[PDB]
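The chain below stands alone and is given in structure tokens; this is the form solved without the ligand.
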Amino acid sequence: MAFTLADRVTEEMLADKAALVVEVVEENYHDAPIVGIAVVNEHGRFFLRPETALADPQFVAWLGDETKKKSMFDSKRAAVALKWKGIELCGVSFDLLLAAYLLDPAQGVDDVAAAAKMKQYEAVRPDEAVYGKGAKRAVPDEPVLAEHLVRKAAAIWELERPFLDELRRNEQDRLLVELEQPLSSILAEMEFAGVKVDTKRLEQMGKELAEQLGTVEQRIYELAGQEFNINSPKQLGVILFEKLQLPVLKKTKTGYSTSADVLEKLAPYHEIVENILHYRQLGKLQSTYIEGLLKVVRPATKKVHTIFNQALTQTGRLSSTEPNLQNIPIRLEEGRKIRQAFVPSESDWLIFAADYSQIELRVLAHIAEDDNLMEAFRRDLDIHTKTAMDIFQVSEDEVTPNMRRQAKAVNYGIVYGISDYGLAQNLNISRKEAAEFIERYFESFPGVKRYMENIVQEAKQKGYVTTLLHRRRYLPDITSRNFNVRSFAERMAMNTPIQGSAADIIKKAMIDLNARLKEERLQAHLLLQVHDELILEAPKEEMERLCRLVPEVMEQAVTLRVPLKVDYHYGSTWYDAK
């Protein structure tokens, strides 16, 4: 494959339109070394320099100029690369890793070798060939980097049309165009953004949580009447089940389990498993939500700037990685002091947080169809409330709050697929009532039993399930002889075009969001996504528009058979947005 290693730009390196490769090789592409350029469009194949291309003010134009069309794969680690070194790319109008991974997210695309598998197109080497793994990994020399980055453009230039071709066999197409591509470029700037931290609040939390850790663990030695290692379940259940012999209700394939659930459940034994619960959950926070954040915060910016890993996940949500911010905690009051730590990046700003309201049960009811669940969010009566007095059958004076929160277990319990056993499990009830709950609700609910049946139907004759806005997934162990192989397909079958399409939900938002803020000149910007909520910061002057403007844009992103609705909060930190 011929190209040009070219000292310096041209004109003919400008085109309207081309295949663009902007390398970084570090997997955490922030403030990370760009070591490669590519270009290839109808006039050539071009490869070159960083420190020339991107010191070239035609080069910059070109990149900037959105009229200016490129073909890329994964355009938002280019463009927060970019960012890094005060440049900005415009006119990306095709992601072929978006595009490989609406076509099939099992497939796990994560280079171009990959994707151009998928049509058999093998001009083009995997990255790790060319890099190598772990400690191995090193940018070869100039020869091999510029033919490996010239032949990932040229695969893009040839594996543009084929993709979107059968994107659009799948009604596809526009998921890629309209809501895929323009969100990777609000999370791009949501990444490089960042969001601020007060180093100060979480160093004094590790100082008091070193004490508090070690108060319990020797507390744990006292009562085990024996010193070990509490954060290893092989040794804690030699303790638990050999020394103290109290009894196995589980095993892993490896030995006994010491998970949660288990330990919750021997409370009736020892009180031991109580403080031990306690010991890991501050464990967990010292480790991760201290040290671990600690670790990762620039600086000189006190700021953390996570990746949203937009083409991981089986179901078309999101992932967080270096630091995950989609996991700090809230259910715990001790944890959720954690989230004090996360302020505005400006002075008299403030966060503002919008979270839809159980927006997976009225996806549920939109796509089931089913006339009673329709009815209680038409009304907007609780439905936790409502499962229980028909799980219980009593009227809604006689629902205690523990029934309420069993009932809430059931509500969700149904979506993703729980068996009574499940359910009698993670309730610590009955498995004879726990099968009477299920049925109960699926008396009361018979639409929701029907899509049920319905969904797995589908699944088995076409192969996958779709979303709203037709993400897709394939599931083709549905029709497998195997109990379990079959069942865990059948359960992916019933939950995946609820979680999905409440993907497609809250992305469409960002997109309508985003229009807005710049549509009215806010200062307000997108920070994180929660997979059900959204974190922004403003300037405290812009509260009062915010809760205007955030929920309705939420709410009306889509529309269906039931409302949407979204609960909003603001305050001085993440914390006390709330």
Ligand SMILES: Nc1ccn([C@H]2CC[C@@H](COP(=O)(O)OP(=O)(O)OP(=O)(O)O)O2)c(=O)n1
Second form
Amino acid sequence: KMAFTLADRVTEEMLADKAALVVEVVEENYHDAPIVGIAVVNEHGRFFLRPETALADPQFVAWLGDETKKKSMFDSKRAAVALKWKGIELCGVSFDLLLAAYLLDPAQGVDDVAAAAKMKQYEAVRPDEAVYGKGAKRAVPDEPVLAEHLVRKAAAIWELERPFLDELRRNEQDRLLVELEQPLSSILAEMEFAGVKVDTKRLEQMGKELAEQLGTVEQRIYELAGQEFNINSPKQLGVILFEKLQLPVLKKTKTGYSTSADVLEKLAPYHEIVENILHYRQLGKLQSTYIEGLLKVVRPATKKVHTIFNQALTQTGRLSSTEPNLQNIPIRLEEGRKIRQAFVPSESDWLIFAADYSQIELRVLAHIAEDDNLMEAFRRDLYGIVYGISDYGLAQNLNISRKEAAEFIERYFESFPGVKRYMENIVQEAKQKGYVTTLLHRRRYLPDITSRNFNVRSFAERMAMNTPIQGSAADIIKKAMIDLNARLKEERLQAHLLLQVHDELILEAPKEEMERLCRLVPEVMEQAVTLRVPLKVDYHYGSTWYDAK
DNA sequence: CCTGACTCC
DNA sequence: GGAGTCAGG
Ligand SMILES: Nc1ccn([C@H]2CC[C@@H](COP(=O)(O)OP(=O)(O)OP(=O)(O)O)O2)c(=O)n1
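For the form deposited with the ligand bound instead of the form solved without the ligand, what are the coordinates?
Following is the full complex, with the preceding chain placed first.
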């Protein structure tokens, strides 16, 4: 039971200075995607608008871009970007229910209005998947069924804003939402829409040469193996290694023999085929993911790739990057690192600028553990612990004796008693409170932390150790991003952000601005928050992302 | 569609 | 510790 007006045209009462707004983009990847419908809920009533009509209306477009007309939405970035592709600016977004839900509890995995409403027992709205359907059945339903959904979603947002803000305020997270995540969302929207330009000629040439080399390595493997098999099948590979060649089985998973990189490396003294296999799988991933996969999503006319930064997914407060993922482009082996030569500025006589925090997580450990020996070390400017590594895990990682690994860790805690203290204290806090928190009050709940089951419990305790560290770094670089764009905009530099990579920011700019960026960027990033230790940032620029080192 | 690869922070 | 994509099955 909910009345609404199926409008044939926009009226003045639709354009109030506060509204719940739904700009519906049904395709998961919203870049250049259709807007299938619009809904507005305000003091005056509920309205559905056809996008052809509304978006072609100069008064509705004006309202959309008016910062003083406040909108409450769910996933405003999706809307803001889809509107950019329609040549329309979205302003005045004051509340995002997606981001509010994420801050309240990231484990709920809220990705539609219905799921957010569930957190307040609000039931007068359907899940999106139930309206549109799954997979090949996915479709926009008949207008009256569509219109009712969009309106119900707007009505839900309208009624849920204050209950959500009230709870955020109770948790002291309202500023985290309004001053950080919400402004970050607009910045991410800008980055996504700008995209990153790709040198397809170079990428395609790399692909051709990689293909030849895969063939050569492939044949060499079959020769060493004494047989042809699918190297990309862990199962067939297992038979070759552990049955035909009779190499030792160092690890098994629930499906059979492990052929992990760690395991194969340890088998190098037994047979020279394992090294070749490792090489083959490296090359094949470069080809399948960073040449072919990347070329598939390049927009041919502009040669740009447009990632989507998921702001409400990770359990720690980090972003993730999808379709394509630009936060896992190779760098560690020169062979893969060369992929970065294909990422270039979007304008002639521009350069790529790259700035990275040095050891941000170990410094956060220092700051939050208040370890003197660790803080003193950073003031002189002089990881496994941070992930809760065992003696076993460390022995294996370093391929050394466990006794020696265990002694390394025991020594470590003896040497850093304040870190050892933090670890014990943060776990105890998690057990007492049921959640851990970050510098800017991001939380993660850990309902398993008192499980009687050793493995379940242990994993939870490790999360208690790590999340405040990783999450606090996420908080910092996010703050650094918001401040940076402000510092860029005032002094009207043309430079703009392209990418964030966890503890790194990647920009493009006219070559003329490099000197000013060498000053501005590292400063802003270091002055993002003030810790007990100093924040350090390294920076480079160059003709391509590769050269920015 | 899941698992186990390789990739980053 | 936190992520995404890919091929095989
Ligand atoms: N209503 C609030 C209050 C705080 N915060 C987040 C944003 C910044 C961070 C700092 O909190 P402050 O009040 O400025 O410092 P504090 O009180 O000393 O924080 P803490 O309780 O952790 O010591 O917390 C928030 O999101 N919403």
